Structure formats: structure tokens, C-alpha cells
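Number of protein chains: 2
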Amino acid sequence: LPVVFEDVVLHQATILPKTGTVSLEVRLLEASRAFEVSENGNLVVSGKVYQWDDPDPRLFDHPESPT
Amino acid sequence: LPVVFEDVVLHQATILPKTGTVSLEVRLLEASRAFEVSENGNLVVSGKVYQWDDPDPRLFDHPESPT
Numbered sequence: 910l911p912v913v914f915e916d917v918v919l920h921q922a923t924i925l926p927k928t929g930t931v932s933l934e935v936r937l938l939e940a941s942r943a944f945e946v947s948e949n950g951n952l953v954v955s956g957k958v959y960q961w962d963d964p965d966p967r968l969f970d971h972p973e974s975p976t
Numbered sequence: 910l911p912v913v914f915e916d917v918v919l920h921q922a923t924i925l926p927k928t929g930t931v932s933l934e935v936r937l938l939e940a941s942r943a944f945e946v947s948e949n950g951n952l953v954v955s956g957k958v959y960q961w962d963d964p965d966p967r968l969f970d971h972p973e974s975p976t
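So the protein sequences, as listed, match chains L and F. When we follow full-length UniProt numbering, the leftmost residue of the first sequence carries the number 910, and every step to the right adds one. When we follow full-length UniProt numbering, the leftmost residue of the second sequence carries the number 910, and every step to the right adds one.
It is possible that part of the hints are untrue.
List of simulated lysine to any residue pairs, SDA-like, C-alpha gap at most 20 angstroms [as the list claims (entries may be wrong)]: (1) F:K957 - L:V946; (2) F:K957 - F:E939; (3) L:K957 - L:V918; (4) L:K957 - L:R936; (5) L:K957 - L:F914; (6) L:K957 - L:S941; (7) L:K957 - F:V946; (8) F:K957 - F:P911; (9) F:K957 - F:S947; (10) L:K957 - F:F944; (11) L:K957 - F:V953; (12) F:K957 - F:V935; (13) F:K957 - L:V913; (14) L:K957 - F:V935; (15) L:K957 - F:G950; (16) F:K957 - L:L952; (17) F:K957 - L:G956; (18) F:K957 - L:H920; (19) L:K957 - L:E915; (20) L:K957 - L:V913; (21) F:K957 - L:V953; (22) L:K957 - F:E939; (23) L:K957 - F:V954; (24) F:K957 - L:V954; (25) L:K957 - L:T928; (26) L:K957 - F:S947; (27) F:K957 - L:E945; (28) F:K957 - L:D916; (29) F:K957 - F:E945; (30) F:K957 - F:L933; (31) L:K957 - L:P972; (32) L:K957 - F:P964; (33) F:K957 - F:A940; (34) F:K957 - F:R942; (35) F:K927 - F:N949; (36) F:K957 - L:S947.
Just so you know, the hints here were simulated from the structure itself, not pulled from any lab data.
With the hints as extra help, turn the sequences into a complete structure.
Below, the structure is given as C-alpha cells:
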């Protein structure tokens with residue numbers, strides 16, 4: 910699955926506890942191509958995610974270095 | 910449930926056929942206070958909906974008439 914992200918925003922950081930576990934819940938709106946990762950009902954990450962219809966290798970050619 | 914809608918956008922108008930039925934799907938994102946309505950996988954309405962914490966009856970007082 911070649912994937913594409915767009916307009917990702919990180920609102921707060923999740924501090925992994927030394928002991929125990931923390932549950933991250935991810936929700937998708939395939940209609941709008943949006944996702945939201947929430948921790949205990951508090952927004953953590955929000956953006957757009959959708960499959961890449963036509964991957965193009967040319968995107969990964971290394972640009973000429975200015976120096 | 911006193912509710913507040915914000916930034917409501919309608920994308921395409923759904924035509925009810927004379928016969929049969931049309932299915933409407935609603936998905937809420939409680940964390941982001943955003944909703945989204947889709948039909949057959951095509952976006953129909955998007956926006957923000959959330960519960961109104963402190964209703965104010967002052968808001969519904971009838972505004973001064975233009976004339």
C-alpha cells in the first residue's frame with residue numbers, strides 16, 4: 910500500500926509511562942480522507958491519509974545538492 | 910441535547926428516488942468535534958457539531974428589526 914499523508918498536525922505528545930500501557934485509537938473518514946488519533950478522548954494527531962493511485966518513482970530521485 | 914453546529918458545508922444534493930430507498934451514513938469524531946455524512950462512499954455534508962455546555966436564552970431574543 911503506497912500511502913500519502915497531507916496536513917499532519919501533532920497537538921500533544923503522549924508520554925509512554927515507565928509501567929503500564931497507553932491506548933491510542935485511530936479513526937478514519939474514507940469519504941473525506943481524514944484521520945484522528947485520540948488518547949482518552951483528547952486529540953493527538955489529525956490529518957489526511959489516502960492511497961496513492963499511481964506511484965511515481967521519479968519522486969524519489971535525489972535532488973542535486975546546492976553545495 | 911442543546912447542540913451547536915459550526916462550519917457546515919453541503920457538497921452534493923441527494924435525490925430521493927420515487928421508488929426504493931437511499932442509505933445515509935453518519936460518522937462522528939468526538940475528539941475533533943467534527944462529523945461527516947456520506948452516501949455510497951461519496952461525501953455529502955461535513956462540519957463541526959458539539960453539545961452546548963451553557964445555553965443562553967439571551968441568544969434567542971428577537972433582534973432589532975431592520976425596519
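Going down the list of hints, with the structure as the test:
Straight-line distance between C-alpha atoms of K957 of chain F and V946 of chain L comes to about 17 angstroms, which keeps the hinted pair within the 20 angstroms bound. Between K957 of chain F and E939 of chain F, the direct Cα distance comes to roughly 10 angstroms. Compliance with the 20 angstroms bound is thereby established for this hinted pair. Proposed proximity of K957 of chain L and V918 of chain L is supported: the alpha carbons are some 10 angstroms apart, at most 20 angstroms. Using a Cα cut-off of 20 angstroms, the hinted pair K957 of chain L and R936 of chain L holds, with the two alpha carbons roughly 11 angstroms apart.
For a cut-off of 20 angstroms, the pair hint linking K957 of chain L to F914 of chain L stands: about 6 angstroms separates their Cα positions. About 8 angstroms separates the Cα atoms of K957 of chain L and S941 of chain L, which keeps this hinted pair within 20 angstroms; it holds. For a cut-off of 20 angstroms, the pair hint linking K957 of chain L to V946 of chain F stands: about 17 angstroms separates their Cα positions. Between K957 of chain F and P911 of chain F the alpha-carbon distance is near 14 angstroms, which keeps this suggested pair within the 20 angstroms criterion.
Distance hint between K957 of chain F and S947 of chain F is fulfilled; the C-alpha atoms sit about 15 angstroms from each other, no more than 20 angstroms. Between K957 of chain L and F944 of chain F the CA atoms are separated by roughly 15 angstroms; this keeps the pair inside 20 angstroms, and the hint holds. The suggested pairing of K957 of chain L with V953 of chain F holds, with an alpha-carbon distance near 18 angstroms, which does not exceed 20 angstroms. In summary, the hint linking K957 of chain F to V935 of chain F is supported, as the alpha carbons are separated by about 13 angstroms, within the 20 angstroms threshold.
For the suggested pair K957 of chain F and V913 of chain L, the alpha carbons sit about 25 angstroms apart, so the restraint of at most 20 angstroms is broken. Of the pairs offered as hints, the one joining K957 of chain L and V935 of chain F holds, with about 19 angstroms between alpha carbons and a cut-off of 20 angstroms not exceeded. Note on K957 of chain L and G950 of chain F: the hinted pairing holds, with a Cα-Cα distance of about 16 angstroms set against a maximum of 20 angstroms. For the proposed pair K957 of chain F and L952 of chain L, the alpha carbon gap of about 15 angstroms is at most 20 angstroms, so the pair holds.
Taking the CA atoms of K957 of chain F and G956 of chain L, the gap is about 16 angstroms. The hint holds against a cut of 20 angstroms. The hinted pair formed by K957 of chain F and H920 of chain L meets the criterion: a straight-line CA distance of about 18 angstroms does not exceed 20 angstroms. Between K957 of chain L and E915 of chain L the CA atoms are separated by roughly 5 angstroms; this keeps the pair inside 20 angstroms, and the hint holds. Taking the CA atoms of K957 of chain L and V913 of chain L, the gap is near 8 angstroms; set against the 20 angstroms cutoff, the hint holds.
Restraint check: the Cα-Cα separation between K957 of chain F and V953 of chain L comes to about 18 angstroms, which is no more than 20 angstroms; the hinted pair holds. A distance of roughly 17 angstroms separates the Cα atoms of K957 of chain L and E939 of chain F; the hinted pair therefore holds under the 20 angstroms criterion. In summary, the hint linking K957 of chain L to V954 of chain F is supported, as the alpha carbons are separated by about 17 angstroms, within the 20 angstroms threshold. Simply put, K957 of chain F and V954 of chain L have alpha-carbon atoms about 17 angstroms apart, close enough for the 20 angstroms limit, and the pair holds.
Our distance criterion of 20 angstroms between C-alpha atoms is broken by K957 of chain L and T928 of chain L, whose separation comes to about 32 angstroms. Taking the CA atoms of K957 of chain L and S947 of chain F, the gap is near 17 angstroms; set against the 20 angstroms cutoff, the hint holds. Our distance criterion of 20 angstroms between C-alpha atoms is met by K957 of chain F and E945 of chain L, whose separation comes to about 14 angstroms. Under the criterion of a C-alpha separation no larger than 20 angstroms, the hint pairing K957 of chain F with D916 of chain L is consistent with the structure, at around 18 angstroms.
Between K957 of chain F and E945 of chain F, the direct Cα distance comes to roughly 9 angstroms. Compliance with the 20 angstroms bound is thereby established for this hinted pair. Straight-line distance between C-alpha atoms of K957 of chain F and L933 of chain F comes to about 18 angstroms, which keeps the hinted pair within the 20 angstroms bound. Proximity of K957 of chain L to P972 of chain L is assessed by CA-CA distance (about 26 angstroms); at most 20 angstroms being required, the pair is judged violated. Of the pairs offered as hints, the one joining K957 of chain L and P964 of chain F is violated, with about 34 angstroms between alpha carbons and a cut-off of 20 angstroms exceeded.
Of the supplied pair hints, the one linking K957 of chain F and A940 of chain F holds, its CA atoms being roughly 11 angstroms apart against a limit of 20 angstroms. The hinted pair formed by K957 of chain F and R942 of chain F meets the criterion: a straight-line CA distance of about 5 angstroms does not exceed 20 angstroms. Distance hint between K927 of chain F and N949 of chain F is fulfilled; the C-alpha atoms sit about 18 angstroms from each other, no more than 20 angstroms. Of the supplied pair hints, the one linking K957 of chain F and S947 of chain L holds, its CA atoms being roughly 17 angstroms apart against a limit of 20 angstroms.
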